[PDB]
Amino acid sequence: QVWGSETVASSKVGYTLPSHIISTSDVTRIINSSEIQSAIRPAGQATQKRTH
Amino acid sequence: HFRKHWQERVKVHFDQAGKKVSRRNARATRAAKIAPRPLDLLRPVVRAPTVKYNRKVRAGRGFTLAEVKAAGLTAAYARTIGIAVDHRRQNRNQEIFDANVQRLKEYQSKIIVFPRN
Amino acid sequence: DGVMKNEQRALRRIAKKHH
Amino acid sequence: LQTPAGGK
Amino acid sequence: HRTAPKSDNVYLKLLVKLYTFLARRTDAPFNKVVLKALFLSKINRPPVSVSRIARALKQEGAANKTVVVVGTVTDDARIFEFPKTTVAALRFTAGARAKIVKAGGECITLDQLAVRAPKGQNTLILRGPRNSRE
Amino acid sequence: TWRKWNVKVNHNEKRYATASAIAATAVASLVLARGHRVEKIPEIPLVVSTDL
Amino acid sequence: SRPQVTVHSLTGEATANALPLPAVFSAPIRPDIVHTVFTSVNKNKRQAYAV
Amino acid sequence: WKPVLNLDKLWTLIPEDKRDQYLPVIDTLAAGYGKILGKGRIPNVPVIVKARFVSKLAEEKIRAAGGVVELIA
RNA sequence: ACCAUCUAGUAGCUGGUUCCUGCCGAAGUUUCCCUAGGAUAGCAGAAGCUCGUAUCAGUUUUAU
RNA sequence: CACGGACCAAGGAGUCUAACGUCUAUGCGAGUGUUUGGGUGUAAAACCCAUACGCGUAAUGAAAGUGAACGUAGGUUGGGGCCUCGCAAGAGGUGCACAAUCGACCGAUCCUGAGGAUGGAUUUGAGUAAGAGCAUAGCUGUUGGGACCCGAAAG
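Chains as they are written, first to last, in the authors' numbering: chain A, 260 to 311; chain B, 13 to 129; chain C, 820 to 838; chain D, 59 to 66; chain E, 15 to 148; chain F, 105 to 156; chain G, 2 to 52; chain H, 69 to 91, 100 to 149.
Do not rely on the hints blindly, as some may be mistaken.
[What the hints assert, rightly or not] For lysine-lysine, the following DSS-like pairs were computed, each having C-alpha atoms within a straight-line distance of at most 27 Å: (1) 31/B <-> 144/F; (2) 27/E <-> 72/E; (3) 16/B <-> 44/G; (4) 126/H <-> 86/H; (5) 108/F <-> 66/D; (6) 118/F <-> 32/B; (7) 126/H <-> 70/H; (8) 86/H <-> 23/B; (9) 46/G <-> 144/F; (10) 108/F <-> 27/E; (11) 20/E <-> 56/E; (12) 72/E <-> 77/H; (13) 112/F <-> 46/G; (14) 32/B <-> 66/D; (15) 72/E <-> 31/E; (16) 31/E <-> 116/E; (17) 56/E <-> 27/E; (18) 271/A <-> 32/B; (19) 115/H <-> 72/E; (20) 132/H <-> 116/E; (21) 50/E <-> 27/E; (22) 44/G <-> 144/F; (23) 66/D <-> 31/B; (24) 111/H <-> 77/H; (25) 132/H <-> 111/H; (26) 115/H <-> 70/H.
[Claimed, not checked] From chain F, some residues computed to sit far from chain G (all C-beta separations above 12 Å): (27) 117; (28) 136; (29) 139; (30) 141; (31) 154.
No lab work stands behind these hints, which were simulated from the structure alone. Cβ atoms here follow ideal geometry from the backbone N, Cα and C, with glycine treated the same way.
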C-alpha cells in the first residue's frame, strides 16, 4: 500500500512506480538466446596471431 | 534592478522551519485554552467577484444579518457560539443564501452548548 | 620615481598612438 | 471547521 | 564518429552494449541505425507521438510491420482508436502504454524487440520531428 | 549569508531514488559491498513477525 | 508470479506463514539517480554561515 | 481573460471511465476555459458544451458532429 | 586646517594574477554603418542531417 | 632601454548573488513544478498534500474582434530504414525525420455589393498542417551588484 503494485495502483495521488526500460538485467542470456545465435556469424579467436 | 543599496537589505528566510514550529506551538496553546471550541470560527460559503474567478466558490468573513435571522438565531447570540457575523455584507444570490442558511442550520445541530454556569 | 616614470612613459605612448 | 490545507 | 554515449544510466549502457554487439556480429544496417540513434541526446531525441505511430501503421502495408521508436512515446487524445500492433520504445509513458494496452497492442522494451528481431526483420524506425522544437 | 544552502529536488525524482534504494536492499549482493555482515543471516530481505 | 519470503520469529526460527514480494524491489536500480538525489538532499540540513 | 479550448482537448475534460461508455453536458467554465476553438473534427457523437464564446468554424464542426452549445446568462 | 561615514567613489589606466600532463590550434585580415568606441565576414573548433561516395585540388595538358 | 627583485616563514588574488541563453545529465510528459503554506515527525532532518498560482498546451492586429481538415492532413522530386523479387549487380512497393517546389486552412490585408456581402490579385504573422513541452543538477557567455586584487585630482 505504501508503494503500490499492479493490483493497487499507488495508494498516492498522481504517482506510479517507475517503468523498466530493459526487461532483463542479464545481457549474457540475451546473447546466448537461440534466436540471436541462429543469426550471428562465427567469431574469431580473440587473439590475432602476430603475423609478420 | 540593482541601482540601489539592496545588498544592505537582503532578507533570507532561514527561519521557515522555526516559524512553522512556532505557529504549530501557538495553535496548540490556543487549543489548550480553547479546547472545547474549534480553533477557527464557522465561515460562510461565498462566491468570488472578478469574473475571471467567479466560477470559484470560497469562504467569507461572516454570515449576513439576514442569514442569521433566517437561521433561527440572532447576530449577538451567534457570535458567542463562534458563528462569524458580517454587518456590511449584503445578500444578492438566493442560491448562496439558501446554502448559507442550510450550513448555519447544520452547524446549530452539530454544536453542543454547556450550561452557562 | 620608478612607478611614476613608468606611468608617464605609458601615458606618453598612449598619446603618441592616439595623437 | 474549514477544510484544512493539504490532505489529512 | 562516436565512441560511447554521454548518459550515465546503467541500463542504457547495457542496451548500448547489446546493440553494438548485435551490429558488429550481424552487420545489419538496422542495428547500426538503432545504435547511432541511441547516442542521440535528449534534445536530439524528440518524442514520437502515438498519433504518429498510428499514421505510420495506416501506411500501405505497414499494419503488419512492427514499429520501433528510439525516443519516448507520448499519448495523443486527437485519436480515440489505435491499430492493434506491437510497439517498442526505450520507455513508455503511462497514458501511451495504457492506450496501447487497451487497443490490443503490446509495449515491449528494446531488448525484447532485438530478441524477437535480431536482424531487424519486419521492424520500422520512427523518430519525432527535430526542427519543431527550439 | 544568501548563498544557496538548500537544493530543490523533484518529488518524483526523490520517490524514484527512495524506491531504488529500497530495491537495492533485496539484491543481497550490494549489501555485502556496503559493509554489512549479512553473511550469517538466513535470507534477504529479512522479515520478522509483527511481535517485534 | 511473485516469490514469497518466510517470516522469521523472534528466536530466529522460520515461520510457516509467508508473504509475497511487495513488488517495490522490482523497481529499476539507478545508482546515478540515487547519488544525484543524495547530493542535493544532504544539503537540505545545511546551516548558513558567513563572516 | 479568455482562455481557448481546442475541440480535440474538449473530450479530455470528460472523465476517462465515462468517456469510454459514451464512445453529455460539459462545463467548460469550471475547467478554466472561456472560449471554444476547433482544430480538427470530433467523433460523430452528440455533445453539449457550456461556454461563453464559440468560434464560427468550431460551431461548424460541433453541428457536423450533432452537438449543441449552451450560452450562460 | 583637522577628525568619522556616503566611499572598498569615479578608469580611456601603472603593477600583479597560484598544481601537473596529452591533443588540437589560430588571425596579425576582407566587407559594410559616412569614424573616437565596434557592427559584419574569414582563419580555428563544437553538435546533427546526409555522404563515403567520384566531393574535391595553391598542379599540368588539349578544343573554343 | 624601463618597472620590481637583500633573503626567508605565513597571508594573497576569475569567489557569491538576480535575470536571460546554448550545451550536457536526470525526472514527468500535454502536461509539468510538492516544500507561499498544512499534515507529520526520531524535531532547521525526513515523508505526504487540498486549493490556487509560474510556463506551455494556438495565434493575430494601433482596435472592438476573429481564430487554423475538400483531400488517407496534401501532390511531386528525393530521403536513414522496412518488404517482395533478385544466390550479386540490380528491379519494384513503402516511405521516418529532413531539403526543395506546387497546394489547403486561421488574424489582418485592397477591392470586388450577395445590405458589410461572394472571390480574387496577392502581401504578411517564426501561424496550423497531427502538440513537445515543464521541473532539478553541472560546465559555460552577457548584464548590475565591491565583481580577478591594491591604487587617481575629490563633493
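Right, here's what the structure says about each hint:
| no. | hint | in the structure |
| --- | --- | --- |
| 1 | 31/B <-> 144/F | violated (48 Å) |
| 2 | 27/E <-> 72/E | violated (34 Å) |
| 3 | 16/B <-> 44/G | violated (32 Å) |
| 4 | 126/H <-> 86/H | holds (18 Å) |
| 5 | 108/F <-> 66/D | violated (32 Å) |
| 6 | 118/F <-> 32/B | holds (23 Å) |
| 7 | 126/H <-> 70/H | holds (15 Å) |
| 8 | 86/H <-> 23/B | violated (51 Å) |
| 9 | 46/G <-> 144/F | violated (36 Å) |
| 10 | 108/F <-> 27/E | violated (33 Å) |
| 11 | 20/E <-> 56/E | holds (11 Å) |
| 12 | 72/E <-> 77/H | holds (23 Å) |
| 13 | 112/F <-> 46/G | holds (12 Å) |
| 14 | 32/B <-> 66/D | holds (17 Å) |
| 15 | 72/E <-> 31/E | violated (33 Å) |
| 16 | 31/E <-> 116/E | violated (33 Å) |
| 17 | 56/E <-> 27/E | holds (15 Å) |
| 18 | 271/A <-> 32/B | holds (25 Å) |
| 19 | 115/H <-> 72/E | holds (21 Å) |
| 20 | 132/H <-> 116/E | violated (35 Å) |
| 21 | 50/E <-> 27/E | holds (13 Å) |
| 22 | 44/G <-> 144/F | violated (36 Å) |
| 23 | 66/D <-> 31/B | holds (21 Å) |
| 24 | 111/H <-> 77/H | holds (13 Å) |
| 25 | 132/H <-> 111/H | holds (11 Å) |
| 26 | 115/H <-> 70/H | holds (17 Å) |
| 27 | 117 | violated (6 Å) |
| 28 | 136 | holds (15 Å) |
| 29 | 139 | holds (16 Å) |
| 30 | 141 | holds (16 Å) |
| 31 | 154 | violated (9 Å) |
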